[PDB]
Structure formats: structure tokens, C-alpha cells
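Next up: a single chain in C-alpha cells, the form solved without the partner chain.
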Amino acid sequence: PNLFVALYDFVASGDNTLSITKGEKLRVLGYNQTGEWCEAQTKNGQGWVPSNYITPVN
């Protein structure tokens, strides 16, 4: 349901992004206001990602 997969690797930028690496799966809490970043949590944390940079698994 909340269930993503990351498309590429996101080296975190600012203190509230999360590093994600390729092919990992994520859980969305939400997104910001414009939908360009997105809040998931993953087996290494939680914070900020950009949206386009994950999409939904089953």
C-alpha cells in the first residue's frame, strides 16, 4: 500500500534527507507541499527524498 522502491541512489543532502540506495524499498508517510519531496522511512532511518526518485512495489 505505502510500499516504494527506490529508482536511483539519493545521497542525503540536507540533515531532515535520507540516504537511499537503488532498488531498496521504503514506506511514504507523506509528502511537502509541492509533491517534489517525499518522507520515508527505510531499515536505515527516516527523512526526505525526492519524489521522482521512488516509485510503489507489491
Contents of the next structure:
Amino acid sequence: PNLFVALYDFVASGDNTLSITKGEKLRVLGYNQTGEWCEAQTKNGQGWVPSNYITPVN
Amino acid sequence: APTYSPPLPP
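Same protein, different form: I have the form solved without the partner chain, so give me the form solved in complex with the partner chain.
Next comes the full complex, and the chain you just saw is listed first.
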């Protein structure tokens, strides 16, 4: 239930954010207080990405 | 998480 796919490329902006590429899979650890940011893991590492830049995949 | 909001979706 934690497997997601990226909707859009996102280039890290520092501050423990994680670059992700459209169509690539990621596993979600959780969210920040407002829900706007999502802490995720990919083959490239771990960090924060926008919550509405990702979606579940079976 | 960052204290600033993320970028909006394209």
C-alpha cells in the first residue's frame, strides 16, 4: 500500500528534498503537518517531495 | 519537511 508513482519530474530544492522523475516508482513513509510534503524513498535515496506529485500504483 | 510550500503541479 506504500507503492507510488511520480506524476511529474521534481528537481530537489535542497532542505532534504528528493529529486524524482515522472513515471518512476517510490515508497512513501509519511507526510508533514499540512500534508503538502511527502517523505519518500526511491533507488536514489530518501527525502521530501510534493504530495500531489505522486500517486498510488498497484 | 521544508518550512516553505512545495511548487504547485504544472
